[PDB]
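In structure tokens, the next block holds one chain alone, the form solved without its partner chain.
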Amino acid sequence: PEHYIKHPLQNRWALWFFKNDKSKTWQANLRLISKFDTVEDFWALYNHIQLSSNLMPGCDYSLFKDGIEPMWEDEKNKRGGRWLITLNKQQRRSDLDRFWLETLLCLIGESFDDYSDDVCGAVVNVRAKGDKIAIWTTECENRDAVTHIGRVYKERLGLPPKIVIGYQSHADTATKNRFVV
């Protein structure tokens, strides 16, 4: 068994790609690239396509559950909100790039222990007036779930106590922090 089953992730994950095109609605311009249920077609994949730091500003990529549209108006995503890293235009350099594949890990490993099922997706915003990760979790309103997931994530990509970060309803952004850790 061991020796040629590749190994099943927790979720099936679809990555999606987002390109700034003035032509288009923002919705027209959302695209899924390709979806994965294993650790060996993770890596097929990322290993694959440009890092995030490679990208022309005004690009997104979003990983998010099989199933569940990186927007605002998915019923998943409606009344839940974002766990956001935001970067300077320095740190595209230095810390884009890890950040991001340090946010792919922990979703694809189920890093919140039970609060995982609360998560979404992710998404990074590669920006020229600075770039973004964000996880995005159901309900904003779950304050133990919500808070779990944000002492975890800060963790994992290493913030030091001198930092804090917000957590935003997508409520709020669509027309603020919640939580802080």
The other form holds:
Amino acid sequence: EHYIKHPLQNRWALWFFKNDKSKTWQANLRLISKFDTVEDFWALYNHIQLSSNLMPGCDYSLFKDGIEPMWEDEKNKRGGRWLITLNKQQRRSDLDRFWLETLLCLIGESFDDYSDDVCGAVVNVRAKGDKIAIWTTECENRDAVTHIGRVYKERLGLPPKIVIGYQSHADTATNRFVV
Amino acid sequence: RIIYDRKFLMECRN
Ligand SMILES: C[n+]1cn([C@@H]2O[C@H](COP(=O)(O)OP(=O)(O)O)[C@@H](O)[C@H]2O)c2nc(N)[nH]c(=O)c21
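What would the structure be for the form solved in complex with its partner chain, rather than the form solved without its partner chain?
To see the whole picture, the full complex is given below, headed by that same chain.
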């Protein structure tokens, strides 16, 4: 309306996961905060601990308001994601870098109308290696999934061929595309 | 639709 802060296309929610051993996986999802302007985004990001400092078994998740960072959500069950793989040795030099860029593609609606298909993103820190992915609503939407992946790989700056794949959440639970 | 540039988003931290 009057631009004292710059509005975002969507309100986003940042989630935290702690690899607990006495609750259902779904019960351990913990919400950090929600925001809907660019300035509020930066105040949260700048304050909370960076991804590279997450203890193994924990995650960060950024999803559109109302979509829980889990497969069962109605917006994720038929979807899937583009996955970026990182060995543990890249944690202090690449993880945060790739995470922030991922976050900027989301709040900035970087995939044109195809950003509507985006649900959120997740970064996983594991002793065996780390992961960063963007979740889309329909692994059946070829044109949207494809476009999302092209731009994303370009935004990350990944070499001509690191080759990143897209798998449906269903498979992961029990590549449909590459770029 | 509200779209923002990589550069503009970076400028908004100030
Ligand atoms: C993302 N996710 C992970 N899990 C559970 O968490 C386990 C850990 O999977 P992960 O955290 O995605 O990666 P990791 O195996 O390298 O640690 C999965 O095998 C499931 O038991 C999940 N379980 C449910 N019900 N829903 C989810 O969305 C979901």
